[PDB]
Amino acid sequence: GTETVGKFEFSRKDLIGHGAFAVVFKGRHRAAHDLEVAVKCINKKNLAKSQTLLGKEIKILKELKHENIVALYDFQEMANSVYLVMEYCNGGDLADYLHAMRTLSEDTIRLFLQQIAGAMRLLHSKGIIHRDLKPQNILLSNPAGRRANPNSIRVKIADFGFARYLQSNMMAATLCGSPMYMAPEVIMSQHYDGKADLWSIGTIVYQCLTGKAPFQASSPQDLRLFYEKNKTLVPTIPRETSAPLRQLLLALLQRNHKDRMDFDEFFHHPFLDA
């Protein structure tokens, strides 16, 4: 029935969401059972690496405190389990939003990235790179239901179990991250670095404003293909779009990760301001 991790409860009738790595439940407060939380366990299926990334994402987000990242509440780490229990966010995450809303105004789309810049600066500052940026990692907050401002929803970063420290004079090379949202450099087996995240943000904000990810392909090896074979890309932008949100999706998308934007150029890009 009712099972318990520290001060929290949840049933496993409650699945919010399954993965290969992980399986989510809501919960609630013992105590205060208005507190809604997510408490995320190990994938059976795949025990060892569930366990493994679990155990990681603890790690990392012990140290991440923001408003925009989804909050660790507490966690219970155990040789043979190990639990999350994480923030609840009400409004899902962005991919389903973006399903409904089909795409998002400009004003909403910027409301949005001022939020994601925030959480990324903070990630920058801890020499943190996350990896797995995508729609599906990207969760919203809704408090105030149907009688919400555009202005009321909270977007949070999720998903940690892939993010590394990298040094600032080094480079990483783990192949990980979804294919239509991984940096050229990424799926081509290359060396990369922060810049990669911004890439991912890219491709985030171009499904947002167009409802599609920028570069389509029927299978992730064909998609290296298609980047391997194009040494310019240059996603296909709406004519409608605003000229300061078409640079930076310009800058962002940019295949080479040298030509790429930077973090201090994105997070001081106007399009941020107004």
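Positions refer to the first chain, counted from 1. Basically, rigid core = biggest C-alpha set you can superpose within 1.5 Å across the two forms. Compared with the form deposited in another entry:
- Summarising the superposition on the core between the two forms, the listed residues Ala144, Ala95, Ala71, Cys176 contain exactly one with a Cα shift of 2 Å or larger, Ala144.
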Given for the second form:
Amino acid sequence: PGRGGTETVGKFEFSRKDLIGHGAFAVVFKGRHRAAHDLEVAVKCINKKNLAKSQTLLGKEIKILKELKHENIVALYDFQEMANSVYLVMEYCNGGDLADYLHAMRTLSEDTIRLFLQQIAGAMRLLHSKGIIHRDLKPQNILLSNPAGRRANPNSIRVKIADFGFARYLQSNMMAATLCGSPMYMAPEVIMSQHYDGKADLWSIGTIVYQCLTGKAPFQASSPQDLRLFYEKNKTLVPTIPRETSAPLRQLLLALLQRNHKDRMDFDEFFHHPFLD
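Having seen the form deposited in one PDB entry, could you give me the form deposited in another entry?
Here you get just the chain by itself.
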């Protein structure tokens, strides 16, 4: 309410006044550059209600993001890690998140989907070449930003992958096995407690595309336990795709949403899929 004075991290300032994100493991406040007030930032802070876990995730996010520079990955301007606190000063994305946008628009046209997926593909090319897997890709973690003025055209919307707290480096001859992510967007091999690799992110991207198209996640279950049982019991998974969907987009969706990671589209195939051209 009235409590809170100005906080500073390097050349940036913020207060608890303008909350723009809240989760179990992080809180995000709008801030600004101290010498240039028109330069907006998003400052991610520990959620002290889950202090240890929050501190871990923010620390991982710094380790990963300080090594990534790309338009389609949220920028890290600066950060401040200490024994009992952690702050990240990140790019302010002025369009909100993809989850709210796809819903407000009553789902997205194929042309808009292509525009956004081309950009997501560019960021994933960098993550793949750097040997990084994100592990929590979902519309809520794809942010929008439009560089043009007020009321600018939709064709100018740029997207940025955010929230890398669950990301890790994975050596190319190894597999990951940490059960983490968000159950409705998680690859079947992850939620079934198996080893997995970068192809898990490709499943999640498939689920993003599916939700942009329909407004819903592709496999509805009554609970995460029931969803795991569903994958475990059905070796053949096929989501309900609207009949008017173009054949090339339907093909891309079905290739990404393959239950078996061996059958699923690989990175090269994704980057070069004709829907993106």
